[PDB]
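One structure is given below, represented as structure tokens, and several questions about it will come after.
Note that this is a trimmed complex: some chains were dropped, and none of the rest were shifted.
Labels for the chains are A, B and C, by order of writing; each one numbers its residues from 1.
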Amino acid sequence: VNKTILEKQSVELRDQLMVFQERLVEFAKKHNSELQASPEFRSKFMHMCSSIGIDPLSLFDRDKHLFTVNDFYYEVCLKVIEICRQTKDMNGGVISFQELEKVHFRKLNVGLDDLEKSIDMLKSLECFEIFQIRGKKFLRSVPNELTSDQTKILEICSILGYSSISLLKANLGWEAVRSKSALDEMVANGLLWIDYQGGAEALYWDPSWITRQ
Amino acid sequence: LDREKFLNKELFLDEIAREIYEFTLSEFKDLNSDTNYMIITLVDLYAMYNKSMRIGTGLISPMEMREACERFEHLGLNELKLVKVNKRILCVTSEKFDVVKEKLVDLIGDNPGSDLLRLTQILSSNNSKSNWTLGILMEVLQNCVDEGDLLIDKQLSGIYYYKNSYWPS
Amino acid sequence: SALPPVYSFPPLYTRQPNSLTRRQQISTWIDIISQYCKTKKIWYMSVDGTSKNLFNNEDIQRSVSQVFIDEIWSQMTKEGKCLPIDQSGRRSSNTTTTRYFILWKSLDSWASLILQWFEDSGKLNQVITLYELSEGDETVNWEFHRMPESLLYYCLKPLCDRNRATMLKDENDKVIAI
């Protein structure tokens, strides 16, 4: 004899949320700027909306004035769209979130969480891709997937910055032809920088070993 | 001449769609003689559209751009279309995809042994009717290659391009 | 005539990546192996390359890739035109795979064109060794001439299945009873 004692809670529940939100919009509605010029506040103000399940970027709508939290979001998008291009050659069409974060984004004070979403934003333009080497997120400007191999080389670079012909056999049991071979394409494709100044063996580097910050 | 302050949403788009369609057309057909085209990667016809014709008018998000751009057809805007090509190329163009790939191949063909950079110069620093902009160039180059429409000559230097006139499909 | 022209085409030396082109290329990278040995009369080739190189040697430009070679090799293997060795025919992907005996005609298109040595010579019954039919006064207008013994062993190992004409072993090497 139990069926309605809950279908009832629903209707008001809807409210509680329909509430929490028209609520959420105000806690925001107030901090018109504590939100517009402050990462930390950004993040926190969202890790809520997400729990409830409300796209923040949207709250920022019920009243004209919140529409600049988004501008910034959009704005940062373009910066990414651009930092990516302006770099295609230094790197290879692949980029460390770090760099993105702790390099190109001090000029406007945005922060990991920020950047991060913006990048998601873009998934709409359907153009970049994210991949991680050892749990470090990279964004990929170019068309090609790094390889199932290339990763590794890239992966095995994280240590001191430079996979090598030996470092590979050694630490990976990677043969030795199926190595230079695989290592150089990584240079024709311009993902890692070559380096003859350091031994009989050639050293291959990670643009990123650089921004270790 | 109005800020993102309209009321019934799917207008601002409809409209915003319109604005873009022009920003785009406003960037090529001008020429006396008509034979030109503009294939363009979405992402770029995006920092272009904004940074340009829309820093004060009300800057917009990607989803919007897309949403917008996806409208042309419906709005009787029939001079450009958005289209996924293969399943990787995303662009709004002015011709059938192929017929643009074609024009590349063919030209690469004429100047074979080409570097990106060169492929660029031919396509850009010689003003003459090109809307080729890096990325979409870049993107298409990779089709041919995969589709096998182009023969690669991968050197440590970089990748040199040629016309797959020998191992046809 | 070993300078077809394709052989001077840069994109031939890179592993074109389009599956269906990867091939067709390959095939051609083959009829270069093939006919090269033929008209220029060679028999076994390495990988590295026979000093001259059908591959790397390509010196007025730049060379092929080992991985490709090996790949090239294998698909020639299967289609049956090249054969692996260290000194000894049969194999073992490492040491016993390190020289390839090319192959204008098939392996047995090779056997059969020997009993043809016996079709217009009137020497069908005797018992000849390899140093024979190959070198000396057997470098006839008959091409298996100069053909190293080891492949011979192999060109002949099939006859032992048709007319069934055996050979003479000493410690397991050769000379044959056709």
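The rule is short, and it goes like this: a residue touches a chain if its C-beta (ideal position, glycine included) is under 8 Å from a C-beta of that chain, and two chains touch if they have at least 3 such contacts.
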{"item": "Chain-type multiplicity across the complete file", "value": "A x1, B x1, C x2"}
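In this text, only the chains that are shown with their structure count from here on.
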{"item": "Computed distance of Cα centres, chain C from chain A, in Å", "value": "56"}
{"item": "Distance between chain centroids, defined by C-alpha means - chain A, chain B (Å)", "value": "26"}
{"item": "Chain centre separation in whole Å, for chain C relative to chain B (CA means)", "value": "52"}
{"item": "Where chain B touches two or more other chains at once, by residue number", "value": "154-155"}
{"item": "Touch list for chain B against partner chain C, complex", "value": "113, 145-148, 151-155, 160, 162, 164, 166-169"}
{"item": "Contacting residues of chain A [partner chain B, same complex]", "value": "57, 64, 67, 70-71, 73-75, 77-78, 81-82, 85, 121-122, 124-127, 142-144, 184-185, 187-190, 194"}
{"item": "Touching residues on chain B, where the partner in the complex is chain A", "value": "4-5, 41-44, 46-47, 50-51, 59-63, 65-66, 84, 88, 90, 134-135, 138-139, 142, 154-159"}
